[PDB]
Structures are given as C-alpha cells and as structure tokens.
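Make the full structure from the sequences, and use the hints.
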Amino acid sequence: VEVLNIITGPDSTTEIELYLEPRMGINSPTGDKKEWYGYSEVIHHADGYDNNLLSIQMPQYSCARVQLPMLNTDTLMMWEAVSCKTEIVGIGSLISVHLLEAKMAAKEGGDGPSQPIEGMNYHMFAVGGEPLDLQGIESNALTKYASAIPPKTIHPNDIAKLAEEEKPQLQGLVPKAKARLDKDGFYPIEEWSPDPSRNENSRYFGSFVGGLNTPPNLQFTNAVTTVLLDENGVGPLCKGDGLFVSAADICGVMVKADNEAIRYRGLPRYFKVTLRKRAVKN
Amino acid sequence: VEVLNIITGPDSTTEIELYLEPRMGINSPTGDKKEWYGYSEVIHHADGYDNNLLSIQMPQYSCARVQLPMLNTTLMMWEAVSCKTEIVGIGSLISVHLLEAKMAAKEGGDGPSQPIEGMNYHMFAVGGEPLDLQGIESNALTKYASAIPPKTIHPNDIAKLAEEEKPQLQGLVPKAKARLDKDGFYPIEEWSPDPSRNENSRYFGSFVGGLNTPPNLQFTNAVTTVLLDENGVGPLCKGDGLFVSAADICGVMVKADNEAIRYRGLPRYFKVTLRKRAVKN
Amino acid sequence: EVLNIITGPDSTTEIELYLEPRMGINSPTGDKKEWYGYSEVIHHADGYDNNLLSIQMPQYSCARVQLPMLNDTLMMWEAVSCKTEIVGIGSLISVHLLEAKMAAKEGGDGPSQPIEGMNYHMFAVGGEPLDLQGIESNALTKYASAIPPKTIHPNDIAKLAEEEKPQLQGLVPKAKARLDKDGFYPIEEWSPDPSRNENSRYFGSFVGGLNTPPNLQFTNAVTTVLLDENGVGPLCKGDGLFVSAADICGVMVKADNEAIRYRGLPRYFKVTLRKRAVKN
Amino acid sequence: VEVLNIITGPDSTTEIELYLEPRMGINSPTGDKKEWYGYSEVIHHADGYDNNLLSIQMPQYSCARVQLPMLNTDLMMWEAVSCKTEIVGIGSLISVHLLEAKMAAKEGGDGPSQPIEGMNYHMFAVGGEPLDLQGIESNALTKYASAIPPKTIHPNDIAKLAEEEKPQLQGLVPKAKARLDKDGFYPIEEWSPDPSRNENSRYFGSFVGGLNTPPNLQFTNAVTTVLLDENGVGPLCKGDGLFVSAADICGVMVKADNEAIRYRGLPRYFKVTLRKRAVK
Amino acid sequence: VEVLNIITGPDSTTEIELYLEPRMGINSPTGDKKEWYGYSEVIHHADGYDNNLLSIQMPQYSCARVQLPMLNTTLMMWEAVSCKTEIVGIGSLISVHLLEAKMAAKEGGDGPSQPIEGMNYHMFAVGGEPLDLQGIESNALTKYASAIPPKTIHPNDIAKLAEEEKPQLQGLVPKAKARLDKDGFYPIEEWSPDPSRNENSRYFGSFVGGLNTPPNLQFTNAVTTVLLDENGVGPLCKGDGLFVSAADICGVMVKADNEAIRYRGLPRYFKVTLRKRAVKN
Ligand SMILES: [Mg+2]
Ligand SMILES: [Mg+2]
Ligand SMILES: [Mg+2]
Ligand SMILES: [Mg+2]
Ligand SMILES: [Mg+2]
Ligand SMILES: [Mg+2]
Ligand SMILES: [Mg+2]
Ligand SMILES: [Mg+2]
Ligand SMILES: [Mg+2]
Ligand SMILES: [Mg+2]
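Protein chains in written order, with the deposited numbering: chain AAA, 37 to 109, 114 to 322; chain BBB, 37 to 109, 115 to 322; chain EEE, 38 to 108, 114 to 322; chain CCC, 37 to 110, 116 to 321; chain DDD, 37 to 109, 115 to 322.
These are computed hints drawn from the structure, not numbers from a lab. Some hints could be false.
Covered by chain DDD, according to a simulated footprint, are these stretches of chain CCC (three or more residues, beta-carbon under 8 angstroms) [claimed, not checked]:
#, region
1, 124-130
2, 144-151
3, 307-319
DSS-like, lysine-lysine: derived pairs with alpha carbons at most 27 angstroms apart [claimed, not checked]:
#, chain 1, residue 1, chain 2, residue 2
4, DDD, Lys70, CCC, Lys70
5, BBB, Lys312, CCC, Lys218
6, CCC, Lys70, DDD, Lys279
7, AAA, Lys201, EEE, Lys70
8, AAA, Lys147, BBB, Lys216
9, DDD, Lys70, EEE, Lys218
10, AAA, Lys184, EEE, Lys70
11, EEE, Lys125, EEE, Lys147
12, DDD, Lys125, EEE, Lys218
13, EEE, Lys147, AAA, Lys147
14, BBB, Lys201, AAA, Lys70
15, AAA, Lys279, AAA, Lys321
16, CCC, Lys125, DDD, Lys216
17, DDD, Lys216, CCC, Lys70
18, BBB, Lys216, AAA, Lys312
19, DDD, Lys125, EEE, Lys125
20, CCC, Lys216, BBB, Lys125
21, CCC, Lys70, DDD, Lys125
22, BBB, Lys147, CCC, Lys125
23, AAA, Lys125, BBB, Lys279
24, EEE, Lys69, AAA, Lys216
25, EEE, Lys125, AAA, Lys216
26, BBB, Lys184, BBB, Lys70
27, AAA, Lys125, BBB, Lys216
28, BBB, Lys125, CCC, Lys279
29, EEE, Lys147, AAA, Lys218
30, DDD, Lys218, CCC, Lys125
For each residue, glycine too, the CB sits at the ideal point set by N, CA and C.
As structure tokens, then:
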C-alpha cells in the first residue's frame with residue numbers, strides 16, 4: 037500500500053494491552069508436568085544425542101494477534121503502531137534462594153541457600169502489522185529431535201528439507217529455512233531468530249547474555265516508551281485490523297540438586313501499544 | 037479526569053522529603069531479633085518445603101503516604122514533577138568485619154569476612170495513589186507461615202486458587218492484584234509493580250541477580266528524576282496525598298557456621314517537587 | 038573530486054546480503070563438514086609442537102555486491123547508512139552441545155557448558171576492499187603451508203628473515219593487505235588498518251578471555267550512519283559495494299581433553315545508497 | 037539566601053586547585069606504621085567482635101576548607122560553577138609485586154602477587170559549606186577503640202542511644218547527623234552524604250563492592266563537572282570558604298601470611314572555577 | 037601567548053599520522069630478548085623485594101615529537122583540533138596457543154592456553170609540548186635496578202627523599218614531577234598524567250585492573266576525538282612540534298612452568314588535524 041497522511045481529529049488514536057505468558061517448554065499449568073509451568077523440562081548434556089530432544093526441553097517464542105477496532109466500516117485507513125510500553129513482570133521472584141529441587145550454594149555439610157535463577161538471559165519483544173519473520177539455524181545440525189503428529193514444534197529442516205549430508209549448511213545461513221511466527225509456543229529460540237532480511241512491517245528488539253553462572257540484569261519501569269516509527273516516521277501498519285506481538289524472556293536456569301541438570305525459567309511480558317489512524321491508497 | 041493548565045504564581049509549588057527504612061523481614065529494632073534490624077531472617081534452601089517460609093525471611097516493599105497542603109478547601118491537584126532519590130549508607134557496604142559472616146580465606150587463615158554481595162533489587166516509585174501490584178510465584182506450592190496479626194500477604198490470599206490451580210501463579214494470574222497500601226507487608230519475591238495499571242504512578246526498577254555479584258550503586262544530589270509523562274503530566278495526588286514506595290536489597294551476608302544467608306537493605310531518601318495543576322471533574 | 042548529491046526519482050537503492058561465518062571449517066562439504074561454522078580443535082602447543090592449520094584460525098568474511106550500473115553528470119553510488127544484524131543469537135542458549143564438557147561434578151548429569159569466552163565482532167562497508175594491517179602475538183608461530191594457500195599471513199607479504207620476524211609483535215608497515223578474499227585472512231594476524239580505509243567505514247569490539255558471557259543485541263530499529271565528517275559516505279568503485287565481517291561469538295569446550303573450537307554466526311547487511319556526482 | 041544576578045567584569049572569576057591525600061586509616065607517613073601510608077591497617081573478620089576495631093582499620097573521608105578572596109569589604118558570594126577532578130596514580134594499580142601480598146599461583150609456583158582489586162568507593166564533593174553526613178552501622182554493636190584524643194567519630198557518639206536502642210543505627214536514625222568538618226575523622230563505613238541536607242553542596246559517588254571485583258577508573262583533563270543546579274546556581278561560599286570532600290578506596294591488598302586485607306586509597310586533585318554572584 | 041583568530045586560507049590546515057609501538061619493557065626487536073618484543077620480562081611477587089626490579093619488568097609510556105611545517109619565515118602556531126586514534130592488532134588477542142603460556146584445563150588435559158587477560162591500561166595524549174607527569178609509588182621502598190646509562194627514571198630520582206621520608210610517595214609528593222620527554226623511560230606504575238599542569242595537552246585514560254579480567258576494546262575509523270578546550274582552543278605546538286604519548290597494556294600472559302606473568306602491549310595509531318592560529322607575544 038502507498039502510505040499517505042496521518043489522520044487527525046477525535047477517535048484518531050487507540051491503545052491495546054495484553055500479556056504473553058512464557059513458553060519455556062512446559063507451556064500449560066495442566067497435565068502431569070503442571071508443577072513446572074513457566075520452566076523447561078530438565079536438560080542434560082547428551083539430550084539430542086543419547087535420546088531425542090523433546091519440545092518441552094526447548095524454550096519457544098510467545099505470540100498473539102490482537103483484533104483492533106474495525107476500520108473502513114471517504115479515505116482508506118489502517119492502524120499504525122506508533123509506540124509501546126513493555127515490561128517483564130515478576131522480576132522480584134528471581135531473588136528466591138529457596139528454589140524447590142535446586143542445588144544448595146554451600147560446602148558439603150552446610151545448610152546454605154539454593155542457587156538462585158542465573159545464567160543465560162534472552163529477551164526479545166516485537167510489534168508488527170503481521171506475523172514476525174523468522175530465520176532458522178542449528179548450533180548442531182545433527183541434533184536428534186522427537187517427532188510427533190501433530191507437531192509440538194517446528195525445526196528449520198522441517199522447512200529447508202535438506203538431506204542428512206547437506207544438513208550441516210544449517211550451522212550457517214540456509215535461505216530456505218524461513219517461517220512466520222504464527223503459533224504461540226511452537227518455534228524454539230535455539231533454532232529461530234527474527235529475520236533482518238524481512239520484517240519490513242514489524243519492529244523487534246533483543247538482547248542475549250550467555251553463560252550458566254551470569255547474573256540476570258533486568259530493568260522495569262513504566263516511564264520508558266519504545267518508539268515503533270521507522271526513519272520515514274511510519275510505524276507498523278496493521279493488516280486485517282490485526283496487531284501482532286511476539287516475545288521471548290528466558291531469565292536464567294535453575295540447577296537441580298540431585299544431578300545438576302537445568303531448567304530454563306521465563307517470565308510473562310506485558311505490552312501497551314498506542315496506535316493512530318493512517319491514510320493509505322491500495 | 038481531564039487535565040487542564042499548570043497553575044502559576046506565588047506558592048504554586050511545594051516540596052516534600054522523607055526516608056523509607058528497609059523492610060527486609062526483621063522490620064523493627066525491638067524484640068527477640070532486633071540485632072538483625074534491616075536484614076532478613078536466615079534463609080536455607082529447603083525453607084518453604086521442609087517447613088513454612090516465615091514473613092521475616094521475605095524482603096518486602098516500603099511505602100508511605102505524605103499529606104500535602106490541602107487544595108480546593115478551578116479544581117486543583119498537586120502534580121509531582123520531579124524527585125531526587127538516594128540510597129543512604131552505601132559506604133557501610135565496604136565492611137569486611139561483618140558479625141557472624143563467613144571468612145574469605147583458606148582454612149587456618151585470618152582473612153576478612155565476605156562483604157555484602159549478591160542480588161541487588163532496587164525500585165522507587167512516586168504516585169498520586171498507592172502503587173498497583175501484580176502477584177507471581179517462583180514455586181506455586183511454597184509453604185508460607187501464617188502469623189497473628191498476619192505479617193505479609195501472598196498472591197493466592199487474593200486469587201484463592203485451589204491447590205491443583207496454583208501452578209497458574211508461575212505465570213500471570215490476572216486476579217492476583219493488590220495495592221501497595223501497607224509498609225512491610227508485600228514480599229518482593231511475590232509482588233511486582235503492575236504495568237497494566239499505575240497510570241497515576243511512576244516506578245523505576247533494576248535487578249542484578251546471583252549470590253556473588255558485586256553491588257554496583259551510585260549516590261549523588263546532582264541528578265533529578267523527571268516524573269512527567271509524554272503529555273508533560275506528572276502523577277496527580279488524589280486526596281492531597283503523595284505515595285512513595287521503595288525496595289533496596291543491596292546484597293546478602295553469608296553465615297560462617299552453615300553458609301545460610303540474610304538479605305541486607307538500606308534506607309531510601311525522596312525529595313519530590315510538586316506544582317498545582319487545574320483539573321475538570 | 039566529490040560534487041553534489043543527485044536528486045530526483047531512482048536516486049537511491051538498497052542492497053541486502055548475508056556473510057556466513059569463516060571460523061576455519063569454511064565449507065559444509067568434505068571430511069570436516071559437521072563442524073561448518075566452527076574452527077578445528079585448538080590445543081595450547083598448536084603452532085609450536087606442530088604447524089597451526091588454516092582450519093584452526095577464524096577468518097574475516099567479505100563479499101563484493103554488484104550495484105545497478107550507472108553512467114550530463116558522472117555518478118558513483120555513495121553508501122549512506124546500513125542495518126546489520128548477527129543472526130541466530132538464540133542458538134547460543136544451547137546446553138546440549140555435541141562433544142561439549144559437562145557443567146557438573148563427576149557423577150553428575152548436568153548440562154553442557156554453553157558457548158562463552160572471547161567475542162570478536164566487526165563489520166565494514168566500503169567502496170573498495172578493506173585495508174588490513176598485520177601483526178603476530180607470537181612472531182615464530184609455525185603455520186602449515188598448502189598450494190593453493192588456505193590463508194595468508196603477514197610475513198607472506200612483509201618477507202622478514204627469521205631473525206627480524208619479532209618486529210611483527212609490534213607494527214611492521216610492510217605487513218599490509220586488502221580484504222579481497224573471503225575466508226583467507228586470519229583475525230589473529232589481521233586488523234583493519236587505521237592509516238588507510240579512506241573509502242571504508244569499520245566498527246569492531248572485542249571482549250577477551252575463555253569464560254566471559256557473550257553479550258549481543260539484535261534489532262531492526264537501529265541504523266548505522268556511514269557518512270564522514272564532510273557528509274560523504276563510501277564511494278563505490280566499479281559500481282561495487284564491499285562488505286566485511288568477523289563474528290566470533292565464543293568457544294565450545296570438548297569433554298575429552300578440554301580443547302576448544304571457536305563458534306561464529308552469520309551477519310546480515312542492508313546498505314542504503316544514493317547517487318553522488320563526481321568529477322574525473 | 038535569595039540569589040540575584042551573576043556579577044560580570046574583570047576580577048569576577050577565580051580558580052582554586054588542591055590535592056586531597058587519601059585517609060585509608062594510616063593517615064601520616066610518620067611513626068611506626070609510616071610504611072603503609074595510603075593504606076588501612078590489616079582487617080580480620082572478627083575485628084570489632086573479638087577486639088576493638090581501630091581508627092587505623094577504617095577508611096575515612098578527606099576534606100579541606102579553602103579560604104577565597106574576601107568579598108563585601110565595603116552583597117556578593119563566590120559561586121562554584123564547575124570543577125575538574127582526577128584520581129592520580131592509577132597506573133600504580135598495575136603492580137603485581139606488592140609487598141607482603143598473596144601470590145596468584147598454585148603451591149610450588151613463583152607467580153605475581155594479587156594486584157589491588159575488590160571494593161571501590163569513589164566520591165567527590167564541592168560546596169559552600171561542610172558536607173552534611175548521615176550515620177549508619179552495618180552492625181550496630183560493633184566494638185570501637187577509643188583513642189585520646191579521638192581519631193574518629195561514630196554515629197552513636199552523636200545519637201547517644203542506649204545499647205538496647207543501638208540496632209536503630211542499622212536503619213536511619215535522624216539524630217545521627219554530622220558535618221564533614223575534619224579530615225581523616227569520619228569513617229566511610231559509618232557516614233554517607235546526607236541527601237536530606239547538602240542544598241549548598243554537590244556530591245558524586247560510585248561504589249562497586251566485593252573482594253574480587255576489578256577496579257574500573259578513568260582519567261582525563263578533557264572533562265568538566267558542572268556544579269550548577271536546575272536554576273543555573275552553583276554552591277555559594279558562606280564565609281568565603283570553598284569546601285572540597287573525597288573518598289577514593291581503589292581496592293584491597295591481600296596479605297600472603299593470613300590473607301587479611303588492607304584498603305588502598307589514591308590522592309584526588311580538584312580544580313574549581315568560581316564567579317561572583319549577587320545575593321540579597 | 038595571547039590567542040587570537042583561527043587563520044583561514046587554502047594552506048591553513050595540515051594532518052599528521054604516526055604509530056607509537058608498545059614499550060612493555062622489552063623495547064626493541066633486537067638483542068638477547070628480541071623474542072618478547074611487545075611484552076615485559078617475567079614478573080614474580082617478590083621482585084623489587086628479594087631482588088632489584090628491572091626496567092624490562094616495568095611497562096613504560098610511548099611518546100614522539102613530530103616536526104610540523106615551520107611557520108613565521115602576524116605570529117602563528119599550529120593548533121591541534123582533533124585526532125583519530127586506534128589500538129591495532131586487537132584480533133591477535135583471540136590466541137589460545139600462546140608460546141609458554143599456562144594450559145586452561147585440568148591436569149592430564151590438552152586444553153588451549155589461557156589467552157591475554159587481566160589489567161588493561163589505555164592512555165593517549167596530544168600536546169604542543171611534552172606531557173606533564175606526577176610520580177607515585179604503590180610501595181615506596183621497592184628496590185629498582187640501576188643500569189648505566191639509566192633505562193628508566195623513578196619519582197625519587199627527582200624528589201630525592203631520604204629513606205625515612207620515602208613513604209610520602211604512597212600519597213602525593215609535589216616535588217615528584219617530570220615531563221614525558223623520552224620514549225620507553227617513564228614507568229606507568231610510577232607516573233600518571235599531572236592534572237595540575239598539562240594546560241597545553243589533552244589526555245584520555247582508562248584502567249581496568251585484576252589478573253583475570255576480560256580485555257574490553259573497541260576499534261573504528263568512525264570516531265574523532267576533539268582536542269579543543271572550553272574556549273575552542275586546541276593544543277598550541279611550541280617550536281612547531283606535535284607531542285603524542287600512549288600506554289596500552291592489553292593484559293598479561295601466564296607462564297606454564299611457574300605462573301609468573303608478562304604484560305602485553307599493542308601499537309597505537311594517531312591521525313591529528315591541525316590549523317594555523319594567530320597569537321600575540
Ligand atoms: Mg548457506
Ligand atoms: Mg528486506
Ligand atoms: Mg494466566
Ligand atoms: Mg493500563
Ligand atoms: Mg615496526
Ligand atoms: Mg590515512
Ligand atoms: Mg529510625
Ligand atoms: Mg532538604
Ligand atoms: Mg605529600
Ligand atoms: Mg593548573
């Protein structure tokens with residue numbers, strides 16, 4: 037669409053708010069594993085080699101489409121996302137040093153606190169007028185993944201369909217390994233990144249701090265607004281009067297006392313997005 | 037309501053100042069545990085599983101309401122424009138002779154104590170009404186002690202989820218909402234500022250986790266925090282009250298005899314500048 | 038001589054590409070294809086007890102992109123700005139890395155050590171190949187030779203006698219090259235040359251050590267401006283744009299002997315160009 | 037005071053420069069302990085419990101009053122506008138041959154010493170009256186030695202709480218207030234700048250704690266600190282006195298024989314620029 | 037000199053570029069120790085106590101005077122306005138096969154070497170005359186070796202304090218002053234830029250200490266450092282000389298056999314832009 041003038045006058049703006057709950061692999065507070073909702077299943081070093089890596093061991097992106105007030109119901117209009125407030129909620133919970141099943145931080149014979157949540161932090165949020173474009177990669181192209189119908193997750197080679205001999209290409213950049221973030225708890229973080237070659241109609245912001253013992257470093261405020269306008273002053277334009285929000289917030293890992301295996305911990309993300317009416321020509 | 041013009045002229049502005057003392061769990065310098073005022077009770081890895089987690093083992097938010105000069109006695118409200126805030130007693134964190142603290146030296150050494158280090162949780166807020174809180178749990182089935190009168194409130198006190206439903210609290214339970222309306226009552230480990238409310242508050246928060254992290258803190262009187270939003274409107278004080286809230290966990294001390302920890306908190310100063318703002322009811 | 042910016046329709050263009058990492062195993066083909074995007078294993082005495090191999094030496098990526106052919115006024119493409127991203131940062135959360143050391147005590151079943159340690163990140167956009175300056179940490183390191191050569195070393199150009207090679211631990215002005223070949227110039231021997239690169243813009247950071255947490259951001263909301271203090275960006279000779287990159291994201295540690303491999307990630311570039319009038 | 041116009045003309049500005057030497061506890065290069073000037077006395081975990089903690093084990097604030105050119109000879118005050126401040130001798134922190142310092146190597150080794158590292162407390166202040174101080178105790182019942190005359194003042198020297206009320210000092214005791222009116226006298230561990238006062242002072246402070254943390258310090262003559270408030274008004278010098286205050290704990294050394302520590306401080310330079318301000 | 041107008045005209049500016057090679061102590065790629073050019077000699081904890089500390093064990097400041105085009109053949118001086126500067130060879134710091142370096146693995150492993158890490162000291166200066174230095178000692182009674190002719194100069198070489206007064210040098214001795222007037226002669230561990238002088242120089246310094254700290258270094262040709270003071274005046278080049286100074290310790294290597302260290306330095310590049318300035322004498 038050709039983008040024309042910002043529409044002025046009353047009822048020219050609106051605001052939408054929502055939460056994305058974390059999809060760390062145990063994605064429902066129902067069923068056998070409900071006690072660990074908001075965490076991954078336990079991961080051991082030879083998972084994906086000695087056995088098939090399960091979807092419940094692979095933190096995934098969160099996403100939602102929000103229905104906007106129907107436009108075009114004079115001038116053809118679309119909702120334009122201009123700015124958002126986003127917040128990781130429950131950061132205070134990460135002070136706990138009495139984590140159930142967690143390794144004790146003390147010498148043998150001590151009675152110390154648990155190790156708290158620490159280690160790799162992966163934080164991303166996106167706002168767009170259509171689903172977020174993803175690019176696939178593998179750290180280990182020959183990782184063994186559990187297979188189900190219906191699929192619980194999608195892997196880059198499910199799309200790229202390289203033969204065993206060509207799958208090492210996935211440790212680099214395989215142009216065919218592309219997808220849209222159209223399903224919540226379905227695309228693993230460890231295999232999918234936002235695609236900087238697309239996303240012309242989305243904005244995304246991410247940080248990663250790696251390692252297993254690194255201090256989680258997180259801020260929270262309602263005083264900071266993220267501007268979603270591009271260099272021409274145009275924000276994401278909401279196709280079908282739909283706003284698409286995407287998130288991933290791995291806040292670290294817990295370490296299990298009995299075998300020192302880990303689980304990822306995620307927190308919910310809040311979004312408040314401000315939108316204005318923009319005139320367009322088809 | 038509808039905000040109109042900033043009121044100008046003589047006595048159109050005012051300033052308030054106060055201290056919030058830390059509520060790390062031992063919240064009074066009186067009684068059995070008064071020696072540990074400004075610290076938590078000792079915490080061990082199985083507390084809340086093998087026993088009931090005590091209110092005194094849970095660092096809590098500080099809060100106060102400050103009465104302003106009464107207005108309307115043009116409708117007018119006090120509008121908080123800016124504040125100076127400061128953590129006081131940072132230099133006390135240099136101590137390497139902490140009472141009962143683990144020695145930082147090999148066996149047979151005479152080294153210093155481990156100083157205060159590890160997880161830092163710093164938050165201040167200024168608002169025209171109590172700060173909105175959202176409940177969470179790191180572990181939904183943590184066992185909590187029940188004191189008389191009750192010393193803390195927990196998210197499930199409000200959500201009233203059945204034991205099979207409580208794992209919802211590891212995510213976002215919308216019913217688990219409260220207002221920061223009592224000093225030393227809302228635990229930091231279960232309550233966060235609610236970003237879905239707080240339209241009339243400003244909050245600023247930082248967390249650095251782990252047990253060994255260096256506390257990293259600045260102090261100055263040369264920095265002003267602006268409380269105005271994108272429209273140039275600050276918090277509007279309902280009932281001619283200003284609400285201030287804080288949490289400042291500065292780290293942990295480690296006990297020599299069993300390597301259990303206590304949180305350490307420091308007091309926070311606030312100076313808030315306000316101006317009269319015309320409003321339409 | 039640089040004249041006015043060209044105005045009007047079709048006065049600008051955009052080009053997009055990916056540079057794949059060249060950490061030493063530079064092809065997903067042959068005996069070592071399973072470690073594409075990683076280096077060969079490195080041990081402390083490699084380059085002393087044996088010849089250091091090209092596959093053990095992370096290298097710069099580069100490509101030349103053909104622009105729309107230009108040519114009233116003579117015209118060059120001028121690189122104004124770019125968006126660049128490291129892609130696949132999410133893959134660095136893996137704690138089940140094949141052959142990696144276990145992060146737990148003997149008798150544990152803990153996760154693998156994740157990728158961590160030294161990060162070397164550089165990107166460059168230029169109207170001609172990036173100028174490089176040669177150095178050696180250890181001037182007498184032994185390097186393997188092949189024909190065709192898999193890498194070029196500063197002394198291949200400087201041609202110092204063995205007694206003079208210690209000069210390469212400082213600054214040897216003759217040890218200069220141009221980044222004209224992808225997966226050829228080792229990071230550990232070649233730096234962007236600050237005495238040239240008049241027609242190139244480069245940006246780099248290094249955080250060293252073997253245990254350091256990788257610290258990486260990714261966004262599409264940040265533009266890097268390529269204009270100099272006079273408002274002139276890279277001017278594209280032969281209607282070619284030259285992009286260069288190095289992204290060492292850290293190392294993996296082998297369970298067997300605690301030897302390491304470097305890990306690199308691909309880098310995306312989008313470069314916005316405008317027509318600049320020039321004279322001669 | 038009601039503040040009026042800046043006074044312009046010749047002789048309307050002046051510049052003050054001086055050094056504050058560190059007061060880490062060994063506050064003089066004379067006497068039995070002179071070898072450790074610029075360090076604290078050694079500190080053990082049980083000091084203040086098993087024995088009385090000494091003034092020489094407690095880093096203290098540095099301060100000076102500087103007399104300015106007298107005004108209202110026969116209403117004007119000096120206004121501090123800006124300052125350049127520098128920690129001098131930062132290069133000395135590279136030493137890995139510190140006297141009596143723990144060796145950084147395994148038993149059997151001949152490694153370097155541990156260098157200065159761990160908790161860094163850096164503060165400077167410029168004001169037109171003494172810096173206001175608020176008292177606190179990390180441990181309210183710490184036992185302090187009493188010298189004659191007194192070498193330090195403690196918060197309860199002013200608050201005078203009974204031993205049963207002293208745990209109040211682990212929070213905020215409003216009675217525990219003092220002015221930084223004496224060099225090498227106010228312990229950093231018990232006194233902080235009082236943010237409820239200091240309306241006529243500007244202070245700047247950074248702390249990074251722990252025993253293992255790297256010192257992180259900058260030095261330049263290219264940065265000016267502005268002392269003006271939101272109204273463009275700097276500190277106004279009461280009685281034509283400028284007050285400068287500092288604390289620069291750069292880290293600790295570890296003793297080889299018992300692993301006890303001494304704090305190490307460095308001297309701080311100030312250049313303050315002042316102008317005449319009319320006042321009612 | 038009273039400073040007047042910037043001189044405009046076609047031949048009113050010039051640009052100089054040069055390298056300063058590192059003086060970590062082994063200061064020439066010739067002689068017995070040429071193999072360790074760009075490093076210090078090995079350093080042990082008791083050096084300067086059980087023995088005389090050698091000049092080759094003490095990182096030193098680099099410096100050069102560049103001859104500018106002669107002016108005054115009305116009265117004029119070269120004014121340094123801005124520079125680009127760069128640490129060259131940062132990529133070399135990825136090496137984990139350092140000759141003679143400690144293995145980063147358990148006994149019986151075959152791990153990589155420990156790479157260059159630990160203390161980073163980075164300083165550059167541009168002046169119209171030699172940089173002013175202030176002397177200090179971490180340990181006033183360190184024993185310095187005394188070569189003929191001297192290979193370094195020590196603060197007490199200028200302050201001439203008796204042994205009983207030398208502890209003054211752990212603070213600030215006003216007499217301990219020098220000018221950075223010789224390449225590889227002034228140890229970093231004893232000499233800092235003098236902030237009480239250097240009215241006609243600009244210096245920029247950073248230090249990160251410890252033995253295990255990751256080097257943290259950037260490189261670009263997109264960053265220009267402005268040398269103009271508050272008044273818009275850059276350094277004025279006395280006798281038509283430009284004075285550049287540097288120190289770039291990038292970390293230490295750790296020896297396998299006894300875990301003694303060597304410092305490692307890298308070369309620094311300078312491009313300085315100068316303009317003609319009128320002055321009055
Ligand atoms: Mg490919
Ligand atoms: Mg595109
Ligand atoms: Mg829910
Ligand atoms: Mg809301
Ligand atoms: Mg040379
Ligand atoms: Mg040049
Ligand atoms: Mg009190
Ligand atoms: Mg006050
Ligand atoms: Mg002196
Ligand atoms: Mg001076």
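Sort out whether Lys70 (chain EEE) lies within 27 angstroms of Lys184 (chain AAA), counting only the CA atoms.
18 angstroms, holds
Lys312 (chain BBB) paired with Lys218 (chain CCC) [C-alpha distance capped at 27 angstroms]
18 angstroms, holds
Proposed proximity, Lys147 (chain AAA) with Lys147 (chain EEE) (alpha carbon, max 27 angstroms)
13 angstroms, holds
For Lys125 (chain DDD) and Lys125 (chain EEE), compute the direct alpha-carbon distance and say whether it is at most 27 angstroms.
24 angstroms, holds
Tell me if the straight-line CA distance from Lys125 (chain DDD) to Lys218 (chain EEE) falls inside 27 angstroms.
Satisfied, since the Cα-Cα distance of roughly 19 angstroms is no more than 27 angstroms.
Is it true that the CA of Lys279 (chain AAA) sits at most 27 angstroms from the CA of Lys321 (chain AAA)?
With Cα atoms ~14 angstroms apart, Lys279 (chain AAA) and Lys321 (chain AAA) stay inside 27 angstroms; holds.
Would the hint linking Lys201 (chain BBB) and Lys70 (chain AAA) be met if the CA-CA limit is 27 angstroms?
18 angstroms, holds
So if I understand the rule, the pair passes when the alpha-carbon distance is 27 angstroms or less; does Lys70 (chain CCC) with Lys125 (chain DDD) pass?
45 angstroms, violated
Check, residue by residue, whether the region 307-319 of chain CCC contains three or more positions whose beta-carbon lies closer than 8 angstroms to a beta-carbon of chain DDD, and give the verdict.
Answer holds; 4 residues pass the 8 angstroms Cβ test.
Tell me if the straight-line CA distance from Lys216 (chain DDD) to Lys70 (chain CCC) falls inside 27 angstroms.
Roughly 19 angstroms between the alpha carbons, so the hint for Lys216 (chain DDD) and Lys70 (chain CCC) holds.
Given the proposed pairing of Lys125 (chain EEE) with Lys147 (chain EEE), does the C-alpha separation stay at or below 27 angstroms?
Cα-Cα ~44 angstroms, so violated.
Given coverage of the region 124-130 of chain CCC by chain DDD, checked by CB-CB distance under 8 angstroms (3 or more)
holds (count 4)
Violated hints for the displayed structure, listed by number in ascending order: 4, 6, 8, 11, 21, 22 and 29.
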